[PDB]
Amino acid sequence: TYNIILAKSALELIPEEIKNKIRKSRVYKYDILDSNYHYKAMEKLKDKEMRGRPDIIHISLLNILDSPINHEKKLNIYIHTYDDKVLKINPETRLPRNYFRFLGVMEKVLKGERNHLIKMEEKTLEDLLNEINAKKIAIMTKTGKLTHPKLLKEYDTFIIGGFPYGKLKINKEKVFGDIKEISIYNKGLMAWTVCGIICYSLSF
């Protein structure tokens, strides 16, 4: 069984610092940060350029959940968020194709309401890796060593940044397993594309 993790994911309830600049509207009623609707209120938010993009997770998760490797129940799926929450996603989760429906599901989970298919915990990325006993970990980044996807099968755990801009920063000294930075392509790709490539590498 492989672990796939979308890490430092741009999926958060509205940060306390900017709550006062954001009101629920009929156009967007959710308490999830989304720069399409909240760009200006994010002006002075730390790391603003890597936050407020729930859509990246939505699309990545639509790829992951429908992959053959997932239909074969050979994945454990994790969303690690910017503010250190981890959502474990049941392989049989039927995720809404509608973006707003997706937001309403995620929003409840993030507020701690029980969802039997999506479990949430406060948890760092490093603690996550150690609890799942990750041993051979590939961090997908473009500055990584170019690797034909055929080799991805040698790892047990994959990490993909669930964000638009920046680099995934991980304290390797706090992680028991071995981490290798891997690039499967010479150009920058979106998270959902990397997720797809990994998932299909594992089937074919």
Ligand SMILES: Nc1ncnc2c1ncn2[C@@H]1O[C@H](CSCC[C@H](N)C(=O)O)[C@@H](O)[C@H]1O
The other form holds:
2 protein chains.
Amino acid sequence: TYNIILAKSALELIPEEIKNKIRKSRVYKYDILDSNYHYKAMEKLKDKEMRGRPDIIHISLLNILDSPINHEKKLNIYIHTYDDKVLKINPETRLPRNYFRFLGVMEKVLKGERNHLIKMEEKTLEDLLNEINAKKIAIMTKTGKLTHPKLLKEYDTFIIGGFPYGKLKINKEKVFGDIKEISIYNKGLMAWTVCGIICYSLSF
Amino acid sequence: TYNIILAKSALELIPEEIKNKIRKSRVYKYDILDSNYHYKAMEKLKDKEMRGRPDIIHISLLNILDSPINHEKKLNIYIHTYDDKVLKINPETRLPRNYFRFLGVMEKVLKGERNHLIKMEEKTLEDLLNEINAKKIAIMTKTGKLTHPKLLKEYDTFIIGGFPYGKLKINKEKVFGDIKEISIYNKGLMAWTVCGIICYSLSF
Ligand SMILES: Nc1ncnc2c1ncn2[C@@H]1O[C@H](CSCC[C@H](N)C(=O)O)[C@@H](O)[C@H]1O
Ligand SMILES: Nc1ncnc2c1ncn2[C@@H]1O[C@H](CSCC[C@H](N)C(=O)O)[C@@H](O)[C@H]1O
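Other form of same protein, the form solved in complex with the ligand, not the form deposited without the ligand:
Time for the whole complex; same chain goes first.
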């Protein structure tokens, strides 16, 4: 089995520090931060540029869940979020293709309501890696060593930033497994594209 | 270069036939057919099972446009629609990640408004194929010959159905190029996944 982790993911309930600037509307009734609707209220939010993008997770998970490697039951799928929650995604999850329906599902999960296909825990990325016994970890970043996707099969765990901008920071001294920074392309790609490339590298 | 075509795509303006059954509402203010919102009015629409799924085109294009093969300018991208409109998508199109924003853009294109990156013409699939000089054509379908993605490089043109249900049918006597039915997996996959696998097979 392989672990795929979308980490520091821009999928959060509205931060306490800006709750007073954001109200539910008919246009967007969800308690999930989305910079398409909430940009001005995020003005003074820490790391604002890498937060409030649930759509990245939506499209990435649509790719992952429908991949041949996932149909073969060879993936364990995790969303680690900016505020250290971990969602474990059952391989047979039928994720709504409608963005707002996706938000409705995720909102309930993040508020601690039981979902039999998506399990939520408070958990750091480093703690997740150790708990799943990750040993050979590939951290995906454009700044990494350029690797033909053919070699990705040598790793047990893949980490992709679930955010638009910046670089994934991890405390390697808190992680038991070995971490290698890997690039699969000379250009910055979107998280869903990287997830897709990894997934199809594993089948083909 | 390669041609990638999402064909008989479920992306259309609301058909005149069913406008008397559509009640306009402020939750969905677009003139694009979407079964999420129009399911009742579509009850006696011809081919309703393969229509009104613009989300399939959104996700597929998000994958195609960010693929390495597109960043390298080795793709010509076309959307052929259920009602025989053809959109030529400039490789540098910055497609909205927000679904409703996507629908706003597509609505104006389908209504004939000028967009320097997305060019619309009234055209059948067979005429498109001939006019771009498609030579070795792979029609993607789970009912075709099972093929390793490494062999896809031997084709210049790939056709994927931009719809949720049904099979792509083409008039052989109307196409100059050679058409072959190609399956890349023994299970039905979503259009976006097939698009992803093709693009990545061309890059790697
Ligand atoms: N060229 C590339 N090679 C490997 N991984 C990449 C990549 N481009 C983006 N990624 C992955 O996709 C995630 C989101 S893209 C986020 C910004 C990106 N780190 C940049 O500087 O451009 C990244 O965190 C990384 O995990
Ligand atoms: N296993 C597969 N191999 C190649 N192409 C596939 C495929 N599964 C789906 N596709 C493509 O994705 C499009 C939409 S999926 C539509 C229904 C699908 N043909 C089925 O019966 O299951 C199809 O028109 C086809 O072009």
